[PDB]
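Single-letter residue listing:
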Amino acid sequence: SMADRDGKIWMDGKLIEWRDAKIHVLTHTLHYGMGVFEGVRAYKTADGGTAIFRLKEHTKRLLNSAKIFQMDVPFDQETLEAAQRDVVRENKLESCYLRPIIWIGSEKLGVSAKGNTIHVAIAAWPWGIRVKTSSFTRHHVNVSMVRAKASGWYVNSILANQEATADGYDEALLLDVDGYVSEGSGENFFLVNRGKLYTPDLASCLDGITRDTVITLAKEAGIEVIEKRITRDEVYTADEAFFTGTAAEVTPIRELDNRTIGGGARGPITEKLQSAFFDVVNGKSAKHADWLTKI
Amino acid sequence: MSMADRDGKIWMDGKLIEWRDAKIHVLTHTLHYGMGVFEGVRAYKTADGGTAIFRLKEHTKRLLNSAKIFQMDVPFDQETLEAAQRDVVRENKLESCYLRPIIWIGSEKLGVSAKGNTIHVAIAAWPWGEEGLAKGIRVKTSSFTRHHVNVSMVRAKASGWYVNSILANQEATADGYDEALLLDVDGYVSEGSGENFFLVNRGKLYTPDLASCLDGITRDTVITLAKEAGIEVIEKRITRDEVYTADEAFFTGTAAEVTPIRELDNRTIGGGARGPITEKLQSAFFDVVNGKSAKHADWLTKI
Amino acid sequence: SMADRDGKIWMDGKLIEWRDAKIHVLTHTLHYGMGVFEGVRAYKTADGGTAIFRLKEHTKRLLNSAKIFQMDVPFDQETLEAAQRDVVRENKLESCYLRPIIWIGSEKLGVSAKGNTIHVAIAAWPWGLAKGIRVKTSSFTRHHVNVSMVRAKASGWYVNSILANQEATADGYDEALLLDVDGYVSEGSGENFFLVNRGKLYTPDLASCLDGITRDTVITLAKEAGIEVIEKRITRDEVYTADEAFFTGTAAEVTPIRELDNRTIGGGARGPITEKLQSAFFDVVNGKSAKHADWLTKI
Amino acid sequence: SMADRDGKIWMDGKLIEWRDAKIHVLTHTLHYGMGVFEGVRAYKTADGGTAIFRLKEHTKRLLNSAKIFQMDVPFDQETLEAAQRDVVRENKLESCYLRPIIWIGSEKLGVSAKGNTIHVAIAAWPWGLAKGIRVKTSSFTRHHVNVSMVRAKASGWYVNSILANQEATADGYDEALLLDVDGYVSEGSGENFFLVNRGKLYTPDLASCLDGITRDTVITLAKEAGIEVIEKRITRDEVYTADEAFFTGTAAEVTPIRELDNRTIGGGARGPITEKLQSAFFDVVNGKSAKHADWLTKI
Amino acid sequence: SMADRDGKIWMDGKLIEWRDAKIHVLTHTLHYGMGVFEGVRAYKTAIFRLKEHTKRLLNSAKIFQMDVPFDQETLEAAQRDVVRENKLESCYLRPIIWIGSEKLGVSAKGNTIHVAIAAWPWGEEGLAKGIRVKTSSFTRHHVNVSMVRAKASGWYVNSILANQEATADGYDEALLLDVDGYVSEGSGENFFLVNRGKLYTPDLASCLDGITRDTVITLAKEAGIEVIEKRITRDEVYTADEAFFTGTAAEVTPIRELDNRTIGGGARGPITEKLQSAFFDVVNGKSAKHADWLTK
Amino acid sequence: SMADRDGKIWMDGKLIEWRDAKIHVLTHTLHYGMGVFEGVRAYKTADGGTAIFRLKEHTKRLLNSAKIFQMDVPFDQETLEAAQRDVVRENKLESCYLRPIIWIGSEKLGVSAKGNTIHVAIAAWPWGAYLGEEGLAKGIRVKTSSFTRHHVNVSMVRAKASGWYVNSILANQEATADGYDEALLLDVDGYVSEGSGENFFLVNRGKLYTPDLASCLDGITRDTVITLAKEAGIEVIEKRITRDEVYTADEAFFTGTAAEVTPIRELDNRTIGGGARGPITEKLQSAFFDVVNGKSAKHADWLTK
Ligand SMILES: [Cl-]
Ligand SMILES: [Cl-]
Ligand SMILES: [Cl-]
Ligand SMILES: [Cl-]
Ligand SMILES: [Cl-]
Ligand SMILES: [Cl-]
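Chains as they are written, first to last, in PDB author numbering: chain B, 2 to 128, 140 to 307; chain A, 1 to 128, 133 to 307; chain C, 2 to 128, 136 to 307; chain D, 2 to 128, 136 to 307; chain E, 2 to 46, 52 to 128, 133 to 306; chain F, 2 to 306.
Please note: incorrect hints may appear among the correct ones.
Unchecked claim - So the derived label-pair ranges between C-beta atoms look like this:
1. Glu91/B with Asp13/A: 28 to 38 Å
2. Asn294/D with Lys231/F: 31 to 41 Å
3. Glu239/B with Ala277/A: 53 to 63 Å
4. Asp48/F with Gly234/D: 45 to 55 Å
5. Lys23/E with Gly207/C: 57 to 67 Å
To be verified - Listed below are the simulated DSBU-like cross-link pairs for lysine-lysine, each with C-alpha atoms no more than 30 Å apart in a straight line:
6. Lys68/D with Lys57/F
7. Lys68/C with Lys139/C
8. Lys23/E with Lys57/E
9. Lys109/F with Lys68/E
10. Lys139/C with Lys115/C
11. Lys299/C with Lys208/A
12. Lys296/F with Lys231/F
13. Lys284/D with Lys61/B
14. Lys57/F with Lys15/F
15. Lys299/B with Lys93/D
16. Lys284/D with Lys57/B
17. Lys240/F with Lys61/D
Unchecked claim - Examples of chain B residues toward chain D, derived with CB under 10 Å:
18. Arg62
19. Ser66
20. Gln71
21. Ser96
22. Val153
23. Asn154
24. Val155
25. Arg159
26. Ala160
27. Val189
28. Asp190
29. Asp213
30. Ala215
31. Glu239
Everything labelled a hint here was simulated from the structure, so no lab data went into it.
In this text, a Cβ means the ideal position worked out from N, Cα and C, and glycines have one as well.
Pulled out of the complex, with its shape left as it was, chain B reads as follows:
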């Protein structure tokens, strides 16, 4: 169990024993879906030291998700950044994944309840493919607030992922309400064609930090980056395709809907970009030193 572990969790202003990070079943977010979270990675750098990747941007995105929902968080940004470093340090972790989550408490359990506590907890733990286009449609931008990385949004991801894996695929790819490629269930989507890098415009899809990272490295590598509406059959005829996300970083996609992408192998743009990414997270990059925060 992830519940049954030795360690420390930061909760509501202090470190507590991991197993004591409990709440009641009548917690608003459990019933109604309004809570926000992040996924942040720490890496063991070439130093031998450990640093968190883009800590500032992730924490700002967390507080912005809360802002979208008018959730007043009782901690400033600096407290939350320091808390995340503390969780890595006091758990004696090196390469790990951090999960900050902000949720609405147990005072009142109507839909419309106001006056519930806004809770915050932070835990951490140590830390090409075949893809199938999902029969489930990606979020509508005036139904769901797709810039807020919110607990309720993942039902659609779960459904899509479960569909893909039940039939033996590695991951799902979702189309938007107009039938264009939007994203994977937990990742942003990219395609390579004629030496140029394409990605769905920032419309229905999440505003990813790994996406932002890859986009910037591509421009610095002199690769043209185009944001546009992409049809499923552009993917089938692309030269390369890949996913980006905090968990997996850059994953090449060798097949969609049983149509081989390019030669079926990892492509040279995908490799150059994957390498440039490795250099930046292992702290072998002078240019992007400010993306790594040592614990």
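Following the hints, put chains A, C, D, E and F with the ligands in place on chain B, whose structure we already have.
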């Protein structure tokens, strides 16, 4: 105080436990990812002094159907869950009350796509708008759009589904209205943030088709009573401006019962008060839930 | 010119000379399109009298159109039903067409002006069907129900109708048919649409189309004759393969459609259900129907 | 009252007295919505003179709007420019707002009227900014681009604006922001919409929104400051999390938005890029810019 | 091979030998998709609803403004003669109308409108136990892009794509949603669901106006079953009492699972069984009532 | 009749007599619409030679269309490039039109037949530019269709497939029935997509605008003109375009293999600009003719002789 900090009994994973011991870890799958399902059920103090749950079979069927939509294997069958609900009312010494069964995904693995998590079940209950029911309420059309039927499984009564309802209800209430009315992605009226919507025009009863909206038990109840009153019930696509010109309008829901709407977007609905068909359906609904109907005695389970 | 006539117009409470029914170019409705109107007919009835068809319902729809716009009309329904009759009476008209219109006046220009006078004016003037018309499906799409309030009969909504109708008549067709934003048949540029197939009467559901009073009249008549009426989404190619089709409107009445997009509808002339409904309609407007006498108001 | 004033209106070829600018209530545009207008300003300049801002571009847009609707305007561009200056000059106006309007007359009052006169009239009259306004996202949806011709500045277009604007003001906000049919931000009820993020300027692509002359002025100024301008689909929650946001229009000039849907924008006052572009805009309209002197016409 | 067989095909007004029914590769329909066809069955008790199929055929040509140089009666007799001359009994008839080889522009007019009719002899436990269906990730036709009442060669690419998607992952058939996300139909069948004793089907909207559908609707009504045409969500299927497909090929086929969710008890439902039996009793001439649906 | 002619057609690996290139009526693609084709030109060039224009990209696109449909084409790309060339040479042609087509054969005729032969054929024939010459010089009259262009998750719009053309036939017939030269289709959202066989361009204030590659086809002639435009220093913008943007544009034109670069002088009875071929259109048309006629060192690899 707080809903967590109470004396009584909650049924959880097969047994009654003390209320305060119904606890989950913060790394619980549903808390992070939104896939969980719940019901809201009412128990009423009936005309004969007793207590009875209203449409327990149908709510418990719907709960299990919601889990089925999500391929959540519930480790308890329907009969067990009906009996557990009656136990929670009994052992908390409740009369008129609200029941809240909830099924969620546990703490074993915390990826999006983790499989082999425990499917947990809990049932809590607690005791249970006089002006609104009599005079009607003021409703505002929301700027947020109701769920798309191939994005969200709108027949499944799911935790994640409610973000949209909170946002719409917060907008209405911030500007001083009683409730929100949401339109679907094509601009037709769908439903309230926790209620189904009806309108009356020239002695006929209209409701949005069972398209983007929840398949509501109170809705089903009111439609059956309407038909038993010889009232034509028509499922159709309804524009916001049909509402503005309707003879009457109202909401239905387990919490909401039958709540008349006297105003939408600052346009008065008919005479500005409870309408005569709304009152008739409201009144027949109250007879059925207070155990004063012989026809619908089978909708009440003594508890 | 419609402006240069003898006779009387009812304006803001009283009968005035026709030519004196004038407003300033800085009238809010002229600039910004928020005004509402109606079309109502009077007929010569079998007994030689003259009577307005469904006066109550037309006036209700007019005050409802205002209500939708939150336009506070300074006259009640009894007053506007009385005034309409007065306009027919004083202009010595028999068979004619009435045009009440309610608009926002001249005190303040600017989109968001509050405090303008809400004016009312009623004018009236003297006023295919056996054969069938040729129709063209428009390349312009009909109103979205959350952009325009389609239950309000509003000045601004008719830009769309003008574009469609001009597109049709420029290429030699009689009228346009408009599809909705989903590609399904909605209505003509100023009339509701019906189709007949295997003895049943179909018509687009009351979604984006106008709630026509002629539409309602003909639905009622159809039901009373034992014809099944079905309101559904209709594709253009159900029209091509239908047995009959027609339009309804106050000015139209029931007009048969013999061709859509150069595909012949049925045998290419007026069909038998259309004929029966037309005949039923004329019995009601000419005062031959005891059942429906309260649809006619004498004077 | 805007009808009851001293001054002169240019109408159908000549200056006439202001109160003589009258039309009949049976005027086609009043009933059916197809007429077009333009909003133009004259500003007092730094040399003490007075000039109209982008007269040539506003007049072209007006004539384009009529073209889109196939309204044959009986005056050429040069005549209409001279006419607008004559209206400013002859009413002894300095800082003012000018409103050329073109509409369809009174000869026939059917929907589909051929051979109505195309009328033209021009009037003019004398004519928050600092750390912003509070905006509410409308429940009404913005125009569909194949139902309404959104490039044509059309009387009927404004009914949607009036509805959104009244909804926002009724609840105590300053203005509405409208989403398009797909849920993306389109524009204000009378202004275009811009957001700033990470030192770049974003605006909804010219899709469902108006082709603004202030919008154009501001985009040009931005690019001349070396600010990157990107047209893209913008979600409402992108605005909640943006560094800055503002509106543009002829009447609004550049108005900062400090709050949308009770979410503070940035720090909740006017932002640095908005202030820069606002200052640049005022430098150009007050004639302090040699570079953009050809945007001003001496009166 | 279907091209290499003993028999007769009726083509452009006369019976020719089967292997003689040939066209050139520069045939307009082959390149541009505008052709129309039918599927008709004959049963051992009779062609089933020959008049109605032949009328739908001529209506499809009409929608496309394809002038067919034969009347309905001629085409009805020809179909009868094609079954006869191949000495067929239980069989499938395929009339096809297409556009010939005169001009290969998109916009070419003055191409010949050809007609050919073939037939050939004609899933028990699928009919008995029910099938496993997968909701497609391809969307069903838009009704102002494709003329969905016309049974048109080009309309079948969407069907093929979907069917292949479903079969590749081991399902029996695909189910397609429309552009709005509602249940439309299978790749060659109409869709029905039963709930609380009542029969539901997507409204005639994006779906094909099926002859088997119509048959089944009429039997249901005669049996006193309420039939409702409405928009249906995919999750309404998952929680339905019963579901099935109708089609000239599919007859009445139960659906026992959709997207790995069991429908009701996982077998053929009682209202499905009753409808399927009414259907087979009609096609095998065991019902006086509907005698005028069979030709002999 | 295109069936009744002297010449050679390449079919399933061989040159045979034109008239022998026959199939049965029971051919899957005739019934079900799954087949794919190209249109490709050859021109007589500056030195008396003749060359096929962008053969590489037309043949890669053909095979990609098969890919999208999962049609296993039994020849690789080289053989098909050479086969197209063979067919121009043997029929002794110069300025001509080539039509390769890949279709599903006659073994099984169920919808989901998954065992047919994948057949391939190439035909070519001559092209007379004078008959379309005045449209090229003076521009054409276009009518917005009441039919909507393909939805990108119903039809695979990057596959140039036999079945997509029903929509094009319908729109074209509607335009030509009422006396217009061509149709313009709007997409499911009301924006300008393309003509029934051509990509659409607009010019305004010196800049070149075209519909984003969304529901419209990824035209080789579209790509050719965008490239030439960028090389001439013209800003190119791919955006959503309303129909009233065309009514007020300074110039407009269609591109396509058949249509080359064809100006549009009127849409929906609204004159485009001065009502004649505009200057930018003329420049880009001349650059296009320069490239196809072998008058450009910059794009010499687009011609195979
Ligand atoms: Cl993550
Ligand atoms: Cl509830
Ligand atoms: Cl009328
Ligand atoms: Cl303005
Ligand atoms: Cl079949
Ligand atoms: Cl071509």
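Now the hints, each set against the structure:
no.	hint	in the structure
1	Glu91/B with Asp13/A: 28 to 38 Å	32 Å, holds
2	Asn294/D with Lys231/F: 31 to 41 Å	39 Å, holds
3	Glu239/B with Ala277/A: 53 to 63 Å	54 Å, holds
4	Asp48/F with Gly234/D: 45 to 55 Å	49 Å, holds
5	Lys23/E with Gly207/C: 57 to 67 Å	44 Å, violated
6	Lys68/D with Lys57/F	44 Å, violated
7	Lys68/C with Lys139/C	40 Å, violated
8	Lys23/E with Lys57/E	27 Å, holds
9	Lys109/F with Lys68/E	29 Å, holds
10	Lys139/C with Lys115/C	50 Å, violated
11	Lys299/C with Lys208/A	22 Å, holds
12	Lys296/F with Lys231/F	18 Å, holds
13	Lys284/D with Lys61/B	26 Å, holds
14	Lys57/F with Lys15/F	21 Å, holds
15	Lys299/B with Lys93/D	63 Å, violated
16	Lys284/D with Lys57/B	28 Å, holds
17	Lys240/F with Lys61/D	23 Å, holds
18	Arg62	9 Å, holds
19	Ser66	9 Å, holds
20	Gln71	7 Å, holds
21	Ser96	30 Å, violated
22	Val153	5 Å, holds
23	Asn154	3 Å, holds
24	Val155	8 Å, holds
25	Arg159	4 Å, holds
26	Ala160	6 Å, holds
27	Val189	8 Å, holds
28	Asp190	8 Å, holds
29	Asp213	6 Å, holds
30	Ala215	5 Å, holds
31	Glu239	8 Å, holds
Of the numbered hints stated above, those contradicted by the structure are hints 5, 6, 7, 10, 15, 21, listed in ascending order.
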